[PDB]
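J.: Below are the chains, spelled out letter by letter.
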Amino acid sequence: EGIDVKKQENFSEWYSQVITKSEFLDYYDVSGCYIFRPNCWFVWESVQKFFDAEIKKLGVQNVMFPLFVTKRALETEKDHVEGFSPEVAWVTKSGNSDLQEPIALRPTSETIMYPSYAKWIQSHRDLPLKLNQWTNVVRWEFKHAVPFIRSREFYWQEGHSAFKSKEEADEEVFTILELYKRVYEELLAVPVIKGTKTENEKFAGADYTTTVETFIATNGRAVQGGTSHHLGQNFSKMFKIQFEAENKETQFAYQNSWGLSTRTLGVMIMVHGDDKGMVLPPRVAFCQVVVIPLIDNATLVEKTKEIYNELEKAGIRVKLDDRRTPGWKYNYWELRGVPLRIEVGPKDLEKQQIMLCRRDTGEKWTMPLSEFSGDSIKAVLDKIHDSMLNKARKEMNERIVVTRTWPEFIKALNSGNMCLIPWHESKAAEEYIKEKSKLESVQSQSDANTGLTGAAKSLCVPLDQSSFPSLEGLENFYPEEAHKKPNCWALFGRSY
Amino acid sequence: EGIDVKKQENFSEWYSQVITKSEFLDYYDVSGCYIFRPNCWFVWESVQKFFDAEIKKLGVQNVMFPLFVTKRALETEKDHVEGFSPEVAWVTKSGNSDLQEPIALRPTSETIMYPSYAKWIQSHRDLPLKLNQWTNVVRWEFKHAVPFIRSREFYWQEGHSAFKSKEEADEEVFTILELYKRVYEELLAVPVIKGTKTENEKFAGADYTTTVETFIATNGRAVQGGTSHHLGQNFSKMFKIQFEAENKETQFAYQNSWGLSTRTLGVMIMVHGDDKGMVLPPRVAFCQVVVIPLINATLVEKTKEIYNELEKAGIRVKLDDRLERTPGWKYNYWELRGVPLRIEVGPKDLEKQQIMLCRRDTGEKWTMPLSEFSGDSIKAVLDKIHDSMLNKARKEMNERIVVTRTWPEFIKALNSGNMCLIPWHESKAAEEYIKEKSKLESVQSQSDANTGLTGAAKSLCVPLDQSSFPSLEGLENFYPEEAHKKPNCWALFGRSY
Ligand SMILES: Nc1ncnc2c1ncn2[C@@H]1O[C@H](COP(=O)(O)O)[C@@H](O)[C@H]1O
Ligand SMILES: Nc1ncnc2c1ncn2[C@@H]1O[C@H](COP(=O)(O)O)[C@@H](O)[C@H]1O
Ligand code: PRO
Ligand code: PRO
Ligand SMILES: [Mg+2]
Ligand SMILES: [Mg+2]
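Residue numbers (the deposited numbering), protein chains in the order written: chain A, 4 to 298, 303 to 330, 333 to 505; chain B, 4 to 298, 304 to 505.
If you're looking for bench data, these hints aren't it; they were derived computationally from the structure. Where is the CB? At the ideal position from N, CA and C, for every residue including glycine. Be careful, since some hints might not be right.
[Unchecked claim] Computed list of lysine to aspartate or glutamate pairs in EDC-like fashion (alpha-carbon distance at most 20 Å, straight line):
no., chain 1, residue 1, chain 2, residue 2
1, B, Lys74, A, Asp32
2, A, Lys122, B, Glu4
3, A, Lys52, B, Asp55
4, B, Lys74, A, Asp101
5, A, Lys338, B, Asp129
6, B, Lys133, A, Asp29
7, A, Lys74, B, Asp32
8, B, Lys122, A, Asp32
9, A, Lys60, B, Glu319
10, B, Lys52, A, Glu48
11, A, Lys24, B, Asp129
12, A, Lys133, B, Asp29
13, A, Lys251, B, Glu332
14, B, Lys96, A, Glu144
15, B, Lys59, A, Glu48
16, A, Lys59, B, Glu48
17, A, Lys96, B, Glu78
18, A, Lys96, B, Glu90
19, B, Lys96, A, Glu78
20, B, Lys24, A, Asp129
21, B, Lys338, A, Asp129
22, A, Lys243, B, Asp32
23, B, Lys243, A, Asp32
24, A, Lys52, B, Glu48
25, A, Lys122, B, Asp29
26, B, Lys133, B, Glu171
27, A, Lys96, B, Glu85
28, B, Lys197, B, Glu434
29, A, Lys96, B, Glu144
30, A, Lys96, B, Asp32
31, A, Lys146, A, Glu16
32, B, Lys60, A, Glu48
33, A, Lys146, B, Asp101
34, B, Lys243, A, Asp29
35, A, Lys96, B, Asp101
36, B, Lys96, A, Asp32
37, A, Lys133, B, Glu48
[Stated by the list, open to error] Stretches of chain A that chain B covers, calculated by requiring three or more beta carbons in the stretch to come under 8 Å of a beta carbon on chain B:
no., stretch
38, 39–51
39, 80–94
40, 103–112
Just chain A, with the same shape it has in the complex:
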């Protein structure tokens, strides 16, 4: 019917109601797996089409590798298998007959693809090799599952590239990272912070991991929104991906891998949804505009149909709801997230105008028919997009606090902020901060029931350090390493 708990009253219950009552998602009888209904899958198809077109400009090609991976392949890279083992699902029988060797469901495809890379790459003329696939992924998550954010089966693209040099590899890492920033900001109207993961948080077998971090204002938590890894020669040495180089010597290839998943949808909903339900960014909205005739009515009906037809020919995803009272119809499409409603009533036609209502702010205003067109409606949709992004970015920036000392850090953390702290890289320092922040923290009942914690973890070391204050005289948060002077700022906070 409608949403009966406010977003700030019970966040996880609000989330469940919004994603199901909007017809985005349904629950399923396999734990941690969910059903993507049409309006929801439309968002992921929209991301696919945009991202596919951008990586084609880079020479990346789509492929499909198998779902299954052998134990022998999985166990090839030391760091990788150790970091993924407990989350690997194993097929052990077919029908009633046991397999000779159990085989695993892919948690990620490095060990599935790279034996082929070693065969296909023989010369520098075979490089760069840049492949991508849109697939499903299985990770038997131990943490509490969260729709979209953390599902046991999820959908992604994973790109895997091999290069003759580190310089080419580095360039791709940040090129893809910019593309992930563009998916979030230009399609989903979600602002991001680009950064590098600390040593403790980076991908197993990577030399370094970059990330686009996102912020959930309601409970003050970050979400790792997508990652782009430089694997160096770590995987090519273990899988023997070698090539006859320019210096006539045999060299190991430099590799990257990068992935973006349906976690995007959860961030979009958690950022933009409100107490009336979904609020869809126009460029991924299954329906961008709904036209509602307010109901002698013959003329009004024909003008209503012409408005619909003009928008449809312009390529706007438009619906005509000529079914029920206006108020009931209004709630119907508001719950489902439609960005713009056009109301055509008799009083409006007398003044040669229509009434518009934008979902993100609820503002209502009139537009003269002389100003109505496919292009002017598109401009309204772009204005909504910009407002949604600008609002979220302003809130995010206000909720990032420079905390030079521990008391500032704990205060900002417990009031739902992310923190920029003086940082000197150390696994021991990161663990110290995680433990001490947890001990001095408090979180909502909803977060506690969701299996979340009040601990602060490292989110990223932001790429752009230019707006941050001076590090002079600042002390390490970890007293045992007081002599290791902070040499950058790191973003820490609570997370999913």
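Following the hints, put chain B with the ligands in place on chain A, whose structure we already have.
T.: Here is chain B with the ligands on its own, set in the frame of chain A:
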């Protein structure tokens, strides 16, 4: 690199060489699973884009349901689970720990989707409900795996529709079947025969199954190319998919399901490939035209202009100006990979203001005056290639369908590589009789035997269009025990994959 085994010499070895040396597919260390390389996956993406656009016109919407299904759901429809049980893969462990509840990988999604259909459908106003998904599926095939044709993981679309009446459901079955025909003929240049499966061959839980049958001329085998099922109320009764109708009664929904897979690619290759390698139908060719300068400043600029004009016209074109490679080497390189049209730009031809074209399917070479060169005229050549590929295969298929009124005629036509039209009266026992008896009297190649195939004939389909078939008068049932069941249609029987 080249194909060193001929298509007619050793079909399975030819097939392996063509799919790997063209960079379409690679083998993998899990039996029955294969790697789809870029040029190959491009064909399936091309099918996806065409088919998705067509079903959208019908109101079908894309979704995504989970990979996993519970034992409880799977066992809900009796016939369905009995027909798939031996092929279902089971997840039983995570990490080092046995799961308390094993879960299965989807062999097909009826039992995954229909509990939700029962929730989403409440009134006739909720109907029709038409959903589709592009997914991977797992069937732990007992038969020997065949790249594309029969893999243990394959990729498909599966559509699932529910209607208020049988009439609406029947109409959709044949609308989708026509779409499968169009995929094969208009994209893949493969001719099809539409028909209904016999009772013994139809989908488990279906009221009837329709099919597009295709023909592999080299070993005289049919391939079931895609299927469109009417499920009647069999699944809606078991999953309680009910609705309040207009007359205020409670009724079970009528349902269909229909699926087309990457088997399409295998049929495309087996039909069109030759002794030089892949032969790609132009509308799924990763590269439709390759432009090759014979090496010069003027010639280079004209070569680039040809490339630019074709690219602006939306043709998928490549310029092969690689330096340390001979022209003949370049020719073989792209012929092996299946490019349908090659343009050679040499100094002698440009002096006469013309270019040399070579079409992959027949190998014919001919010149085109630059005054006639354009995006449209090159597209016309590509469409001519497409029609030729389709017409050649259809002519070959039709010549290999023989009307066999008696058992001796049937065996003779079967052993000389034909499909056979036989007098037919539906009966599971008659079909089993024909299969067993033909197996005893048939012989197949070593290549087919090694591929896990059989020389036995099975029912392929009862063709929908019987209008060209001769009279059944005086013909006897092929099954002597059922002589009292008089033939009342013609059925297509033959060897198959
Ligand atoms: N359980 C999950 N559900 C959804 N997306 C996930 C999950 N785990 C990781 N991801 C996404 O997968 C990609 C790689 O994550 P990671 O290997 O943790 O860097 C990123 O785009 C993540 O957002
Ligand atoms: N093992 C397989 N590999 C590839 N395609 C298959 C396989 N089994 C069935 N198909 C395809 O899946 C769809 C359904 O097949 P069936 O359930 O036999 O009607 C059809 O389009 C078949 O061609
Ligand atoms: O799982 C990951 O994080 C990396 C990036 C995509 C493929 N593997
Ligand atoms: O497996 C089959 O044959 C049917 C058609 C697609 C969905 N299930
Ligand atoms: Mg993880
Ligand atoms: Mg089968």
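J.: Confirm or reject each hint.
T.: Comparing the hints with the structure gives:
1. B:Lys74 x A:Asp32: Between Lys74 (chain B) and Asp32 (chain A) the Cα gap is close to 11 Å, so the pair holds against 20 Å.
2. A:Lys122 x B:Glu4: 16 Å, holds
3. A:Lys52 x B:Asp55: 14 Å, holds
4. B:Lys74 x A:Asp101: It holds: about 17 Å lies between the C-alpha atoms, which stays within 20 Å.
5. A:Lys338 x B:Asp129: 17 Å, holds
6. B:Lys133 x A:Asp29: 17 Å, holds
7. A:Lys74 x B:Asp32: Holds - the C-alpha atoms of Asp32 (chain B) and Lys74 (chain A) are around 11 Å apart, at most 20 Å.
8. B:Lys122 x A:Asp32: Holds, at about 14 Å.
9. A:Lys60 x B:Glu319: 15 Å, holds
10. B:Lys52 x A:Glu48: With Cα atoms ~12 Å apart, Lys52 (chain B) and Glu48 (chain A) stay inside 20 Å; holds.
11. A:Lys24 x B:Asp129: Within the cut-off at roughly 16 Å; holds.
12. A:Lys133 x B:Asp29: Status holds; Cα separation ~17 Å.
13. A:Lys251 x B:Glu332: 18 Å, holds
14. B:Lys96 x A:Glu144: 13 Å, holds
15. B:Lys59 x A:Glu48: Holds, at about 14 Å.
16. A:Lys59 x B:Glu48: Answer holds: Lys59 (chain A) to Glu48 (chain B) is near 14 Å, not above 20 Å.
17. A:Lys96 x B:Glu78: 17 Å, holds
18. A:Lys96 x B:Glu90: This hinted pair holds, its Cα atoms lying about 10 Å apart.
19. B:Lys96 x A:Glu78: Status holds; Cα separation ~17 Å.
20. B:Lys24 x A:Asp129: 16 Å, holds
21. B:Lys338 x A:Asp129: Judged against 20 Å, a Cα distance of about 17 Å means the pair holds.
22. A:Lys243 x B:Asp32: 17 Å, holds
23. B:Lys243 x A:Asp32: Holds, at roughly 17 Å.
24. A:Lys52 x B:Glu48: Answer holds: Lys52 (chain A) to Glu48 (chain B) is near 12 Å, not above 20 Å.
25. A:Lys122 x B:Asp29: 10 Å, holds
26. B:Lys133 x B:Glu171: 12 Å, holds
27. A:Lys96 x B:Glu85: 17 Å, holds
28. B:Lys197 x B:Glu434: 18 Å, holds
29. A:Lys96 x B:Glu144: Distance of about 13 Å is within 20 Å: holds.
30. A:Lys96 x B:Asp32: Roughly 17 Å separates the two Cα atoms, so the pair holds.
31. A:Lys146 x A:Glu16: Holds. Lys146 (chain A) to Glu16 (chain A) sits at ~18 Å (cutoff 20 Å).
32. B:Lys60 x A:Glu48: 18 Å, holds
33. A:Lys146 x B:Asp101: 18 Å, holds
34. B:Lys243 x A:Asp29: Satisfied, since the Cα-Cα distance of roughly 18 Å is no more than 20 Å.
35. A:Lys96 x B:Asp101: 13 Å, holds
36. B:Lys96 x A:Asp32: 18 Å, holds
37. A:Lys133 x B:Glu48: 18 Å, holds
38. 39–51: holds (count 7)
39. 80–94: holds (count 7)
40. 103–112: holds (count 3)
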